[PDB]
Amino acid sequence: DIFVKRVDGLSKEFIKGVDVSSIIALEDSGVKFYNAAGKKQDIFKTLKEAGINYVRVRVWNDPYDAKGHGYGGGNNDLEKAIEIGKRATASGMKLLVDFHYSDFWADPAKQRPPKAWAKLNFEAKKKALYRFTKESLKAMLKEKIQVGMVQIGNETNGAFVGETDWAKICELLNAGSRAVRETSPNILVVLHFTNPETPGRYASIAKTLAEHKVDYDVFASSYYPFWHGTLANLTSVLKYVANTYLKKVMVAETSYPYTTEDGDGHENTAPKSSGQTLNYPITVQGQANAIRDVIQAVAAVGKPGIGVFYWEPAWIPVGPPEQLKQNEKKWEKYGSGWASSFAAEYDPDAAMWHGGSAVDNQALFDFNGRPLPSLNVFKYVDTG
Amino acid sequence: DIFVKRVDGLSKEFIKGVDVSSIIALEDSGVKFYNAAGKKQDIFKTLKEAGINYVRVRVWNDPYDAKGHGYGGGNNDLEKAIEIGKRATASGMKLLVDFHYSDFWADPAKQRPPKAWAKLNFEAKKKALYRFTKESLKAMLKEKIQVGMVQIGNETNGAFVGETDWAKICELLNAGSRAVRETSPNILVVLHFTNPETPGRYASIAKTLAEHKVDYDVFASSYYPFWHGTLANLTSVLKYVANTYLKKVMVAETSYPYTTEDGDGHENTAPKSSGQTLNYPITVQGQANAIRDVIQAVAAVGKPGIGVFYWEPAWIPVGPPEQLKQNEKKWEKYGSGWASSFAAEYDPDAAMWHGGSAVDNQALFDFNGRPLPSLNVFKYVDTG
Amino acid sequence: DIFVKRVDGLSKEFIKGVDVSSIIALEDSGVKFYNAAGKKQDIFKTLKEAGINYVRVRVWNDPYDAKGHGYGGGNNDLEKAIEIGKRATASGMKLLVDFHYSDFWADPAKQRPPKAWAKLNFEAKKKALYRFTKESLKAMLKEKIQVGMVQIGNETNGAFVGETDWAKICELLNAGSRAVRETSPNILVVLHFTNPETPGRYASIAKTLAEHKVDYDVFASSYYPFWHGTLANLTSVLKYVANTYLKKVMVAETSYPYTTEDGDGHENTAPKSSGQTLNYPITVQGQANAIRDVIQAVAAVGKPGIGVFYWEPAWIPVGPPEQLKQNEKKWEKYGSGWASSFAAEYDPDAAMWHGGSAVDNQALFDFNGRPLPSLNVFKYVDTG
Ligand SMILES: [Ca+2]
Ligand SMILES: [Ca+2]
Ligand SMILES: [Ca+2]
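Protein chains in written order, with the UniProt record's numbering: chain Z, 202 to 585; chain A, 202 to 585; chain F, 202 to 585.
Just so you know, these hints were derived from the structure itself, not from any lab.
Among the hints, erroneous ones may be present.
Identical copies look the same in the list; a pair holds intra-copy or inter-copy alike.
To be verified - In silico BS3-like cross-links for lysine-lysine, where the CA-CA straight-line distance does not exceed 30 Å: (1) 206 / 320; (2) 473 / 526; (3) 369 / 473; (4) 268 / 369; (5) 206 / 311; (6) 473 / 316; (7) 369 / 328; (8) 345 / 206; (9) 287 / 240; (10) 268 / 473; (11) 440 / 369; (12) 316 / 580; (13) 240 / 343; (14) 311 / 473; (15) 295 / 580; (16) 206 / 369; (17) 473 / 320; (18) 580 / 320; (19) 206 / 328; (20) 316 / 206; (21) 316 / 530; (22) 311 / 343.
This is chain Z alone, in the form it adopts within the complex:
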């Protein structure tokens, strides 16, 4: 059904990853994932057979409310990251721990401190970050999970644990790096930023990190093709950082839609008519070719370009769109949606738009759990 062009220069070690952080709560809500034949098959088995060497997991320090009701988004905590890393190691895939350093979503607008860290001074907030990182990674490695990468923040574009000063922000990053660097010399320290379209942003960030002597190994970028610029920019800006500051580069989040349809009753973020550059048809091929070309752009940077991660490759519907009341009840109980009512105290946007998945049409599996043909793009970049 799907054919994609061969990407030139892919290493054998090129990181073909997926962030499946929603898996547990989907599974806690009775989602079932099959294979191409229609037989039940663990998503991580299917993922292996498709060529994926890596899994990315988000960790929130307390993604739950006062009475324990979960904020949503898969209620991603250490326990779920430990399960996912266990499941990922069994299937022969290395892990990336995306520490939000927040009790819920961290983006460029929302980089809130955890509730526990809210009342602390900059000095004490610095040591909790260090301890949280250290202790969390330590329990992970006790459960023999292969971590090749740890991320100090998610889209820390000018904010990080409540701080807007780059000087305070850099000091916080080095605390995470120190924990990582003490846990193992061979866990790469990843830094995550988005909006690569904005002119000069990635050059200025990289300077500011160098001027404030942050120890990082990978400068990572979100490149969602509908919001984050031309493919050429990605390669060029990523090249600058790697070539000028002798760092590695990779893409931490990409995704493209395969259907205009919604599978759960909660509006999905793309396609949309006004705010998004849609250069690839909204079909399963167009999806696959965007994943291909993002892999090419990272590759075209050079030996610096080391990988691409897809983001939520299976936030599939917990139920058909008609069964919304039933779906809502699942979303609230197990946080199988993007957010739940219980996040309204912590994330303003959740109060208004609590619900299900906004990415069920940008997943690489179909609404009923069987894999789409676009999931085979991670093999096809080496072949064609």
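Assemble chains A and F with the ligands onto chain Z, guided by the hints.
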């Protein structure tokens, strides 16, 4: 009811035109047009009387799905254009053939190649574009349609038939230009770009067209007053091109609302609270002054500024807003909407928002076919 | 409940003001205001006790339609301002008269001339602005009202009473200033602009005002923190104007939401996920810390910073949100909301969105009329 300030510098042959491409789908759906007295009258009779010398038609190569179902938007093909061009030529009106070179709406965001050309290579695309242009213009000429202009694309702001490369785009542009130039030395070659407000865009576009040696006679702009900036800009950016690159200039699309109301039950594009600069009142007089002032801005270029086309002056409601279900039938069955469901395969936006006209409140005819007093702006710009 | 950080630089006569222009229509809709103990108490008493020293009122020349149906927004006229100002002076508060010189909302996009002045020529409009200012302030001053401040226009960013030409704008500004100057030497002539984030804007405006010899005393800015940029911009740009042209600076409108929730059934204007910079929590404390921070940004200007006015601190709901049909009647028949259907003739945005309050979550009073802790920010800015 309405008066307007005279425009100085209007040539006897100044192009006072309207793009009435919805007429056939509206007529097939039961919409009927009248005169000011109130008796039934063909829109081209009324239009001729109002002083219009030109009609503009859009041509999509196959504006239909596989089973023959129209994409909507008037289901505009060669056949509907030939009808319109004959009807126009009967009423003393020259025709402008706007080739989208797509199977649906072509805009800066969407320049999807025709389904047949989608699987072609660059060299074949270039050959088909020539042939389609030559054959299509030939059929019209055989029917003795008087064609004065042909557009090679619609708002080709850095896209054209699936191409984002200005070298490749100009090559494709020249293909059409050749067919026009072979058919007659007396059919002007219009090139259509939009967003005049953006600083430097029309100057850089014109430069690329000279560097890559494109043959065009007219540099056309879209100027909807709510989206595209000052009247002074339009005149200056169109003048620069005219005197620097020795080309003529015109406005190919302009519209303004006369009511805030919706007449068909599909949300209208303007007026809007957030995104639009509405400097004229949303009244029939406000409409008329907007048009007059866009006619003056073009005439303020001088002898290069050759005309103003109003876009969809008569996309009037196929049924009252309370007859929506009956309207949905006509919208789908006859293409009397902006897009039907059958475009969801080609246009992502159609699946989300299929339905009727969003420019019914910007028409120079009222909801029930009777010409508005603003239709005489084309008359009054000379008398005063 | 709430604490705030003290502000250094704070005169004894620093202006701690509120725009309570919605009060009569809300009171005319049975909205009732209480104290902190649940005991009915005039809003102006509670306002006085909270540290507030100033009230701002908005004057529309005819906030009503043809048949006397009020446009909305508090149906604010000279009579309502004389009531509000009277009640202001009784509770020890000086007044600011914001003249929109429009029959409804005056903003950067909408600066419509009053209906009576709409058919007038430029010169007649200058006398009419002058008489209106003179006679309106004369009636006020005959009722004991202490006017310390008169504002000529509301956010006159390139448009004022119908004119988009800075030359004609300035002449009109000098018309009102004269009548204030002719009313009393001590009343302060305020000029009001918004979007300070845009680079160059306030410095540009300030030259034009000086180059065209406008008599003003205060350069006033709108600073809503979710749309208008950094606090350092506010201080910088206000500093520059005040130090470069020897004027005074102040913030005339600022506000921040205390709840995600709506109280009256009409969508509120912030918080919003899609397009705003919310850097304070959507809680009463975050509200309080925002107001403090805009006081410190004005304070940081120097002695030029003369105060900050909170906007509509009490546009609380007429009735709980489920009571929508019953609410509409009050909004429509008392102008208890931002606009009513009768305004659709004058302001297009009213046709689409006529209704109730979009600031009810940004009020310093709760949904049931009791003060919120943040209303005491004006006390705590000197204490801590
Ligand atoms: Ca969904
Ligand atoms: Ca409509
Ligand atoms: Ca409301």
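Give me the numbers of the hints this structure contradicts, sorted from smallest to largest.
-> 4, 8, 13 and 22
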